[PDB]
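Peer 1: The residues making up each chain are set out below.
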Amino acid sequence: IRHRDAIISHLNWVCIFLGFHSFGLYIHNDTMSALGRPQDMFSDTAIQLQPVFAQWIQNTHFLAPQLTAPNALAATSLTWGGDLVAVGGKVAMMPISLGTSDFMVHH
Amino acid sequence: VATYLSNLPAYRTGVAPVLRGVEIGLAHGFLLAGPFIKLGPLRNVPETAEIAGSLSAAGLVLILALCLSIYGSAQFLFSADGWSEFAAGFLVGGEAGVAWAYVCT
Amino acid sequence: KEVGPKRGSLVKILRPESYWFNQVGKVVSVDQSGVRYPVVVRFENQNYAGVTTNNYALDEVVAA
Amino acid sequence: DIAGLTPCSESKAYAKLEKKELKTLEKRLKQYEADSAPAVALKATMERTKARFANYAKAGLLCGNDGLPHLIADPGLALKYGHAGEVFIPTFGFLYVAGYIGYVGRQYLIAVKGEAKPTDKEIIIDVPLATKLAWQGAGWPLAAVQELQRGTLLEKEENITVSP
Amino acid sequence: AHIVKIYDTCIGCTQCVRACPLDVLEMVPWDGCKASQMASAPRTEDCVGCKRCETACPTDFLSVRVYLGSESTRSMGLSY
Amino acid sequence: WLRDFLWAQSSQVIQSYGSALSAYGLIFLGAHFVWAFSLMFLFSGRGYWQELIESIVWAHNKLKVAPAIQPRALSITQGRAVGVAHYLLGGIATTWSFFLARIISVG
Amino acid sequence: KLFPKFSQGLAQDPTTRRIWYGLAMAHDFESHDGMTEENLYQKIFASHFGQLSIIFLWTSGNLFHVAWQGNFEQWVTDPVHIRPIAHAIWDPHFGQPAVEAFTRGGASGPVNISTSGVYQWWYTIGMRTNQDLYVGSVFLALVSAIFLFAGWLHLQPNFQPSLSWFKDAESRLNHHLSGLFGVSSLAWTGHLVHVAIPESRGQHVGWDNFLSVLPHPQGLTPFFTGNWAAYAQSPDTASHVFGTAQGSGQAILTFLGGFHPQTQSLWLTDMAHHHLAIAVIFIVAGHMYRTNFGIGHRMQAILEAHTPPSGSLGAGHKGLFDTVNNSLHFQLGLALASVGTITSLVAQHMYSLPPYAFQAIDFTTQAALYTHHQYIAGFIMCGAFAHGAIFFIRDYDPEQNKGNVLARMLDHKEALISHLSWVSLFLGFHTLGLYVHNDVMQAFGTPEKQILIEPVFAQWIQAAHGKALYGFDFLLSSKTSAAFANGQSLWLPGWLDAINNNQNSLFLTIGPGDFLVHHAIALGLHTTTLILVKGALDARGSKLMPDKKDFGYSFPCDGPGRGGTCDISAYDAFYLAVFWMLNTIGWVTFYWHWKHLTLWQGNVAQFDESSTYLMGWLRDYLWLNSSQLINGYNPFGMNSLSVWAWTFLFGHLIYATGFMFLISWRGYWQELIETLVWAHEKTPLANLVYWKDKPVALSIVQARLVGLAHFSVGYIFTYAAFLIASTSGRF
Amino acid sequence: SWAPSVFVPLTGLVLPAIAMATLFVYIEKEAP
Ligand code: CLA
Ligand code: CLA
Ligand code: CLA
Ligand code: CLA
Ligand code: CLA
Ligand SMILES: CC1=C(/C=C/C(C)=C/C=C/C(C)=C/C=C/C=C(C)/C=C/C=C(C)/C=C/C2=C(C)CCCC2(C)C)C(C)(C)CCC1
Ligand SMILES: CC1=C(/C=C/C(C)=C\C=C\C(C)=C\C=C\C=C(C)/C=C/C=C(C)/C=C/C2=C(C)CCCC2(C)C)C(C)(C)CCC1
Ligand SMILES: CC1=C(C/C=C(\C)CCC[C@H](C)CCC[C@H](C)CCCC(C)C)C(=O)c2ccccc2C1=O
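Chains as they are written, first to last, in my numbering: chain A, 83 to 189; chain B, 45 to 149; chain C, 477 to 540; chain D, 7 to 170; chain E, -17 to 62; chain F, 64 to 170; chain G, 92 to 822; chain H, 84 to 115.
It is worth saying that the hints were derived from the structure and are not from the lab.
Cβ coordinates follow ideal geometry from the N, Cα and C atoms, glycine included.
Do not rely on the hints blindly, as some may be mistaken.
Here are the computed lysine-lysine pairs in the BS3-like style, where the Cα-Cα straight-line distance is at most 27 Å [unchecked claim]:
#1 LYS86(D) - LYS493(G)
#2 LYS49(D) - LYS540(G)
#3 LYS26(D) - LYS127(F)
#4 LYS783(G) - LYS112(H)
#5 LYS33(D) - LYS540(G)
#6 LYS127(F) - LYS138(D)
#7 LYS125(F) - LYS162(D)
#8 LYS49(D) - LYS488(C)
#9 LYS86(D) - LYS119(D)
#10 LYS127(F) - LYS123(D)
#11 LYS258(G) - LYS112(H)
#12 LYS482(C) - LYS16(E)
#13 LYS783(G) - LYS25(D)
#14 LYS123(D) - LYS86(D)
#15 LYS783(G) - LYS488(C)
#16 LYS493(G) - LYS409(G)
#17 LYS33(D) - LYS18(D)
#18 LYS125(F) - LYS783(G)
#19 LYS112(H) - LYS134(G)
#20 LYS409(G) - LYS86(D)
#21 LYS409(G) - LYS640(G)
#22 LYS502(C) - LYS162(D)
#23 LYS18(D) - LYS127(F)
#24 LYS482(C) - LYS123(D)
#25 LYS33(D) - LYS488(C)
#26 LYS64(D) - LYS540(G)
#27 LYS482(C) - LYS125(F)
#28 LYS18(D) - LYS540(G)
To give an idea of the chain A side of the interface with chain G (calculated C-beta under 7 Å), a few residues [to be verified]:
#29 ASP87
#30 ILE90
#31 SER91
#32 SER115
#33 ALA156
#34 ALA174
#35 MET175
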């Protein structure tokens, strides 16, 4: 209670920062796609914002049956990597790639 | 930090606002030249990226230097003439810093 | 003598800025002094502030 | 044909739309065994559908170019051309029940104003008084015009105003 | 500053003064009611206009009455 | 997100009429109703509606049908509660009908 | 400390709402410090000169940008297969596909396709070259500068008018009927006869030869003789090519009705006879009044004698001239009511009776003009009631208005508001009930169970105007009646051949969707007047607040007491009516746009089957026609609709931002701004930078105005992007 | 032909920069 002003002021700052640097990326992509400038967008075929940390966590959880969980016959899910389980002609689960739009929506 | 804040020019009371504005200008010039020169609209040209990233940076320094004199005529270092000397020193120092960023390419 | 209505008579309010204008309440007491608003009327209709009683003058008061 | 229209028993878009609905129901019916429980309900839907088309064509409803029945909401074009059951008969079949409810609630309010505290019998409705006013409110237009002839339907300028 | 006027419909039950969060109001001797007292607004420079006084007035068509006027640094309720 | 998600995937809730999904076609309209209905409560304020209730309490006084429980407008924090409740209901049920009519059909 | 020079109380405000209210009550001249009534009238007179100069500068800018960056001379040669050009685009932020996408209309740089209709209006009044348009731009720039000089000089004390000069209502209503309306329309007929008629026949009449080219081959002899029918002998043929002399014709004042067969527009000859006839009638009505010459009529005598006895209107119209002349908000309210109704009249009669050549072939122009003047009319009609509410607080005097119509209006204000409440509640109950009924019938696969009430009452009016599609055969569609027979040579056959054409907008054929949406429009009109009339009549007081006139027009509330008084003011009842106004005009323009889209595509049955139920409005109009809109840009590329793809989202962004001022209210934000003040005043090296105005949150009334402003701007920008892209994408 | 390349930066970057300056200085003036 005696530093609620510091708490709410720094959270005000980080909300304004996240707002600009998350939604302004979408406004930037709108503007560049509307101005005939698709190379200047934020995408995979443009300025890339790769989620390096979540991709690294996907690699470690796909390689977890190798040496960090040696009694696992497979990974704990299929989202980390590998093949797809297909049941009845429909995909039960397959690996999930995380790209620039995944970065933008997580922020 | 009470020791570290006694170093940077905005708190050094015993130095002139002209040299204060000059050191602030050159210390922000090659900083703000960076986002225009590394990732601006004309990046993938190895002739014009370092030219446009410096010309837009010098224009932004000119905007900030006009905006300082606007603040000085608004508010009244803490005088009407000391902030004008601060604004002129920042104009000269910031354009010198943008030129120094174009030098160290 | 006792000026005003009696102790429990029904009455009609003529104060146009009141909540109970043209509306019938019971007199509960009339103050016998030089008070500007002696007639105390209690209503079943409560106002927006939740109050059922108000003082009124003698010209703002008419029986039935 | 009142206003560019046509009888639904005459128009072909109406019969084409009937055949369209029966075609959808038929291709839906073709998946099931003929005596199973979904097929009985699908054939009952077909029977209700065909009865609906027959009784809309029987009553003389007017179709348009779309093949859909229309409602002539004017007396003198409904009375003259036999369309009074479209709007002109239910515009009194409604208003009897509307003024019925508006009379029953009116009399329930007026018959509960003169009590000790009325509000307790508005959240906790006096059911024998309510059902007595429910049954005896059947002749409400009669009692409404007999109340209007007194002036006991309205209230005079004893009502509450602000600052005219 | 805001305009805080009171009127002679006051019954002197001193509820506006207890409701006042700024000590704008105070009770003055008077001879128009049974309580022999009427409110006053000597300190309308400190008024913010929050109208707690006329949430507490019992008289129909309130005896205290705040009129929102010009705003100083005290009428805006600023610690800054 | 407008084209390829809202416009493109609403193409099964909007033409769901005449099918088993048509209730999802109705609720998608109805929750578009309730949501917008909430904006009557969120944008407006009590001192309007209390005076409108005064002007119709006059009409119920004139025809001797004023109720003994006196009609009041909703409270301030009641009207805010009604507005946020109808807003949440109309948005979430819109997305409910959109999701289910999309994914029962194409999934 | 200085900026509200008009408000010394705002000048002492240390906060940041000093700026916001210096911008907002700057033109509320009556609340200024030291204001008298004479200085009031003088500032209003100078303000009207400023508005006139801005209107003329705006029109001259339209003319100059069309003459310079447009293709008007190219459009004259082919007004059907060439899009008009508003102005060129210089946007340095463009990429190369955006530069190549906005080059069309035969230009070289990027351009905008004008939808304001100005080429069709200028081409039919005689403009053919760009040099005709530069002269117009220079003339209107000179006239705008003259009005700026006039607004400067009539503020100077040798030229400042008296207090008594402005209250000459008699001379003003004389001169603005005779001179400003009659002589101006006579001069416009002089422009039509001398210039627009021969240029429509292909003869150049400019400023060099108008004293040498006769409009009529025997001119001014039939006018002085008496045989005026000589001015209508040979009209333009049905094979007339507009702008040329191929089957030209020689009449100047004809009376035909119907449309030109090429341009699908009104003939210029009977538009000339129109403006001449109403010029004569305005001159006759403008020599009615008694100013300074003994004959005529007086405004002081006609009003206070029209009083009906036996309690009909009370004391009638006794005492109005003391209150119409003295109040400006009453005059502004009547003026805004009249202008906002005749703006709806302009909108309704410029689509059905298009007055300009090759209008109603340019579909996007027609949609933009209709929607434009309908929203202009909606805002002006809600402001009529706004200033009518300002009248009752600031200007109304009950002791001056003892017993007249203006006091009887307040006397039974509860009856007015309760009957508007009944009509709105009935219309909304049954319109929404029939739409939800038709939606439930369409959902269950049973379209035949719909309530499809045929619009009998308006089909009867179309058949009485000569539409033989419904068979009511009453007056003009009956070949045997007297109103049919006594006009067969005068004005009827072109009008009858123009109604019965099913491809113009002249009395469109109507069905149950048009029943339902005209009752939606009646719901919107009655509810908007419910909110506005309730704000105007409760402006002086209510049972919740009997002294609302003591607080003025605009104020937040009266606090949390007495149950809570949010939005209690008359300003806050204008406020809630702007939402229902935008709703109503959105319904009329949704209905206009979709009935015309299905007309222009050909399939009016696609409207007639779908407009009966709200899902058909959602997916066959909103979902369907916003395909090429939202595909203005995509990851494949972009096209010329991308600027409407952006604005459609831009309008979606402003609209929602309005809700931030609408749902969130002030006091959350003041508590947030106090923590920001803490963070700024405790940050190292940002303590040096300090404000001059103390940061506060936006006030309550200001929060209303900002949320309403963003709501309206996002509403208009969304529907403008949708309307222009949805029409000009497929056409 | 050089007019849209000159008048548009002046009207949007230069003359509003005067208007962002001169109309702001007028706000906070101390009244004599
Ligand atoms: C689309 C609508 C919309 C938008 C843009 C905002 C915007 C915002 N809201 Mg908000 N709000 C909204 C609707 C919206 N609200 C509604 C409907 C409600 C109703 C309940 C609220 C309730 C609400 C509360 C209760 C709170 C907010 C907060 C915020 C702020 C957090 C975001 C931020 O700082 O990021 C930065 C800003 C943006 C992302 C906005 C867009 C800016 C773009 C990306 C770029 C800037 C433009 C660019 C410079 C060009 C300028 C042009 C020049 C001519 C000026 C921001 C001002 C919070 C706040 O202020 O604390 C942080 C907060 O506490 N809002
Ligand atoms: C005959 C003499 C005469 C004339 C021509 C005028 C003319 C005018 N006076 Mg004026 N005046 C006069 C005598 C005269 N006055 C006298 C004697 C007095 C003293 C008693 C005054 C006192 C006075 C005041 C106090 C004011 C004026 C104002 C005005 C202006 C009206 C503004 C406007 O746009 O309305 C004209 C409107 C139209 C032309 C459009 C409406 C016409 C029709 C009905 C609409 C539909 C057709 C439409 C034209 C089609 C458009 C198509 C296309 C053009 C788009 C106008 C310049 C006002 C003004 O602006 O101040 C300068 C004002 O405030 N006058
Ligand atoms: C002939 C037209 C006319 C005239 C002369 C007036 C004159 C007046 N009106 Mg009135 N009014 C009118 C039409 C008119 N009105 C209409 C049509 C409406 C309906 C919209 C209103 C609604 C209205 C209200 C509700 C009030 C007035 C008030 C006033 C008075 C003060 C003016 C003021 O506050 O200016 C200052 C005005 C502004 C600063 C306008 C704010 C900016 C608006 C919201 C436009 C924003 C749009 C934005 C710029 C779009 C940009 C998009 C972006 C993306 C680029 C003055 C007597 C006020 C009054 O008398 O106070 C008691 C008052 O409360 N009027
Ligand atoms: C979609 C949104 C929406 C809707 C439906 C309404 C509806 C209405 N407004 Mg509006 N309003 C809105 C948005 C909306 N408004 C917004 C955004 C604002 C700005 C704040 C306003 C401001 C406003 C004002 C200022 C006024 C209105 C008024 C009205 C009423 C007009 C009378 C009428 O049509 O009755 C028809 C009723 C309906 C259409 C809704 C009823 C829905 C069904 C029929 C009820 C029963 C359904 C079901 C059985 C309930 C089950 C619930 C539960 C058990 C599950 C009506 C209640 C006026 C009024 O009160 O008039 C008397 C009035 O004065 N409104
Ligand atoms: C008012 C209209 C307007 C105009 C004409 C421009 C013009 C421009 N903008 Mg832009 N901009 C504007 C409003 C405007 N802006 C607004 C309101 C925003 C905020 C929403 C932006 C945000 C914006 C961004 C984010 C970027 C631009 C960029 C650009 C440049 C495009 C690249 C190019 O072709 O130059 C090719 C030439 C160069 C890139 C060399 C640099 C040219 C500099 C900027 C000229 C400066 C003039 C002068 C030296 C300094 C100003 C002095 C002052 C007194 C006026 C161009 C100078 C881009 C850019 O590089 O500018 C920094 C860029 O990244 N704009
Ligand atoms: C608030 C207020 C105000 C305002 C008001 C208003 C806004 C109003 C409006 C009004 C209006 C808005 C009105 C309107 C009206 C209309 C009319 C009245 C119409 C008429 C028409 C007619 C009559 C027609 C006829 C015909 C037909 C039927 C068809 C054919 C032709 C003929 C012509 C025959 C003021 C300021 C005063 C103040 C007080 C209150
Ligand atoms: C019959 C009737 C009527 C009418 C009515 C109407 C008109 C209605 C409508 C309404 C509308 C117009 C709309 C509505 C809508 C609704 C809704 C929309 C509901 C909902 C509900 C719920 C319950 C939900 C739930 C959920 C979901 C589903 C999602 C999420 C989860 C939850 C659980 C939350 C009348 C008056 C004539 C008479 C009386 C009765
Ligand atoms: C419409 C509205 C009202 C008016 C809403 C009224 C007060 C309530 C609506 C009617 C309710 C649902 C009562 C009606 C039902 C009764 C229980 C009677 C039932 C009779 C039979 C159906 C049994 C507000 O009071 C309000 C307050 C604050 C902000 C916004 C608003 C607001 O938008």
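Peer 1: Now look at each hint and say whether the structure bears it out.
Peer 2: Verification of the hints:
no.	hint	in the structure
1	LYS86(D) - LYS493(G)	52 Å, violated
2	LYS49(D) - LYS540(G)	20 Å, holds
3	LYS26(D) - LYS127(F)	55 Å, violated
4	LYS783(G) - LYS112(H)	10 Å, holds
5	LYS33(D) - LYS540(G)	23 Å, holds
6	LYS127(F) - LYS138(D)	20 Å, holds
7	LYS125(F) - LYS162(D)	7 Å, holds
8	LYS49(D) - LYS488(C)	71 Å, violated
9	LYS86(D) - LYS119(D)	48 Å, violated
10	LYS127(F) - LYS123(D)	18 Å, holds
11	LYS258(G) - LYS112(H)	38 Å, violated
12	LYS482(C) - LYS16(E)	19 Å, holds
13	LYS783(G) - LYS25(D)	79 Å, violated
14	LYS123(D) - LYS86(D)	55 Å, violated
15	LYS783(G) - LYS488(C)	58 Å, violated
16	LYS493(G) - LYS409(G)	8 Å, holds
17	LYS33(D) - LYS18(D)	22 Å, holds
18	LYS125(F) - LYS783(G)	58 Å, violated
19	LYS112(H) - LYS134(G)	25 Å, holds
20	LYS409(G) - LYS86(D)	50 Å, violated
21	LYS409(G) - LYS640(G)	24 Å, holds
22	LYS502(C) - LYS162(D)	21 Å, holds
23	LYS18(D) - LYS127(F)	55 Å, violated
24	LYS482(C) - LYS123(D)	24 Å, holds
25	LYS33(D) - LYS488(C)	76 Å, violated
26	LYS64(D) - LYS540(G)	15 Å, holds
27	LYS482(C) - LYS125(F)	30 Å, violated
28	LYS18(D) - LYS540(G)	17 Å, holds
29	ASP87	4 Å, holds
30	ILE90	5 Å, holds
31	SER91	4 Å, holds
32	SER115	5 Å, holds
33	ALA156	36 Å, violated
34	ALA174	29 Å, violated
35	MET175	27 Å, violated
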